[PDB]
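Engineer: Residue-level listing of the chains:
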Amino acid sequence: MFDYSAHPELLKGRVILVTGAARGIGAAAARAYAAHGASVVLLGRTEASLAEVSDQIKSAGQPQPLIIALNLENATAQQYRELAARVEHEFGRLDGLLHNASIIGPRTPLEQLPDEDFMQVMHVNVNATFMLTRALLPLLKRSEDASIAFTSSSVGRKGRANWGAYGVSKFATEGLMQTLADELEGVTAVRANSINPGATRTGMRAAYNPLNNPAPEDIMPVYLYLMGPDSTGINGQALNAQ
Amino acid sequence: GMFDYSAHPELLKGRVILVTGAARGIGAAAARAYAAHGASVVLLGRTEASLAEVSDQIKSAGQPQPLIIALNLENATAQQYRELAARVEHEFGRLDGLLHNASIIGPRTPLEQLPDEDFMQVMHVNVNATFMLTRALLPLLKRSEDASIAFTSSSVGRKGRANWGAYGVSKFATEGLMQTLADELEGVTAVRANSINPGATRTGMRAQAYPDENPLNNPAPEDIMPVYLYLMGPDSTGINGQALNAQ
Ligand SMILES: [Cl-]
Ligand code: NA
Ligand code: NA
Ligand code: NA
Ligand code: NA
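Protein chains in written order, with this note's numbering: chain G, 1 to 242; chain B, 243 to 489.
So that you can see chain G by itself, here it is in the shape it has in the complex:
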């Protein structure tokens, strides 16, 4: 487990956007970020899907998170632009971006993976991720201390049979993070890094018993770390949660 304990006000005055916030790891990140003082912006397919996590953040005592609905599989460049303008309109600032959303697609050998499935996984996991980062980079580059975290996987770092487009999309994600990190270095106050969450007790991981994995809630040290002031200067890193 990554070793870091966050102060209850670690992220105060910071605005952080989380994609895939409805369930699983994204949901735990939205909650933990809100619990540590950050104003959180939640991305998901429908308001309905973000209602429970939002009710949780509100029950805990934080103001209604900003909810933005987007179909990552469909969303156009213009939609990401409109999303960024919403964050600008509300906050004038973005300090954090957690790229958590992605789909696995079929787990079949490449020879059997339909072309349309390969394309859709690449679009959701890579294209949408790029378009979202591009739209938000002006806002992040205004911040005094901003952080971008991409989610990867062991199969994004060493290719394994029957992971279809998922492993390939996670390689692409690492290459995107490394490219971005090299552009940000020194000349901006933005950092870019990847997080391998490892095995978690989520619907998504239950892929690959389940009792052997921690709750996503419990893999939050590295997530809190990258979004707060203690990771200033840490850039271009592929890190592990566990």
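It is possible that some hints are incorrect.
[As the list claims (entries may be wrong)] Over 12 Å on every C-beta distance to chain B, these chain G residues come out as not near it, computed from the model:
#: 1; residue: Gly13
#: 2; residue: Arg23
#: 3; residue: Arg86
#: 4; residue: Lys170
#: 5; residue: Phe171
#: 6; residue: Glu185
#: 7; residue: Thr188
#: 8; residue: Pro229
#: 9; residue: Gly233
[Said to hold, decoys possible] Distance ranges between label pairs, derived from CB positions:
#: 10; chain 1: G; residue 1: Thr232; chain 2: B; residue 2: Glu331; range: 36 to 46 Å
#: 11; chain 1: B; residue 1: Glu252; chain 2: G; residue 2: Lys158; range: 52 to 62 Å
#: 12; chain 1: B; residue 1: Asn314; chain 2: G; residue 2: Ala69; range: 27 to 37 Å
#: 13; chain 1: G; residue 1: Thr108; chain 2: B; residue 2: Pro461; range: 56 to 66 Å
#: 14; chain 1: B; residue 1: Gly480; chain 2: G; residue 2: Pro229; range: 44 to 54 Å
#: 15; chain 1: B; residue 1: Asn317; chain 2: G; residue 2: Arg107; range: 21 to 31 Å
#: 16; chain 1: G; residue 1: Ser59; chain 2: B; residue 2: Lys401; range: 41 to 51 Å
#: 17; chain 1: G; residue 1: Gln242; chain 2: B; residue 2: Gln307; range: 58 to 68 Å
#: 18; chain 1: G; residue 1: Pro114; chain 2: B; residue 2: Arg385; range: 20 to 30 Å
#: 19; chain 1: B; residue 1: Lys401; chain 2: G; residue 2: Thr108; range: 26 to 36 Å
#: 20; chain 1: B; residue 1: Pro461; chain 2: G; residue 2: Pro229; range: 17 to 27 Å
Bear in mind the hints are in silico, worked out from the structure with no lab data behind them.
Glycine included, each C-beta is placed from N, C-alpha and C at the ideal position.
For this one, chain G is given, so just place chain B with the ligands on it according to the hints.
Structural biologist: Relative to the frame of chain G, chain B with the ligands by itself:
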């Protein structure tokens, strides 16, 4: 250093090898080298006129008439890839080698300024098309006694660098694709999959990527062929999943 392999003039006798982006540069050099080492070559490129020179060169060296296939990577669908495979199957009944050489660079701007559609088109051409072509040809490659797929990569597909736009990203995906497929092919087929970083060459694509570099600094693509020949011939049987360098 230059990959250490010398290829005997009949090294590739008995082999049918498809080369993408065959019209010029590294693709043309590989097509010419494979034919010169005894292979039957299938030339893939955008237009007949673009492929005439390389086809003519191969015929004249006496090697003889290669198969020419036209395809538009930005908009070819499974129908086009299926028909390509059917043509290869009709003529040869198999494929012994597949050199994925075609790719595009896109803009080399910072990511912040990289237009969305340019990013997606680079990803489509360099990755989606490479996958669909691979998938259409795998059954043919599997009919070979000893088959080899080589993906083209780049130093920036292995360690990311500023202002490579979608190009570095696409080559990271390429290495991912190669590794995944190698793991699926290993021990249960006679097909290997590896990647090649060609390094710097004296081509129009290198000049596009480095607008201020003088091409005189770079070797001719025909001089970087040792790894290209190695991977396609029997001396590389059992080499699978590896990220190799031409230079
Ligand atoms: Cl050229
Ligand atoms: Na929810
Ligand atoms: Na199709
Ligand atoms: Na383009
Ligand atoms: Na196909």
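Engineer: Provide an ascending list of the numbers of those earlier hints which the structure does not satisfy.
Structural biologist: 4, 5, 6, 7, 10, 11, 13, 20
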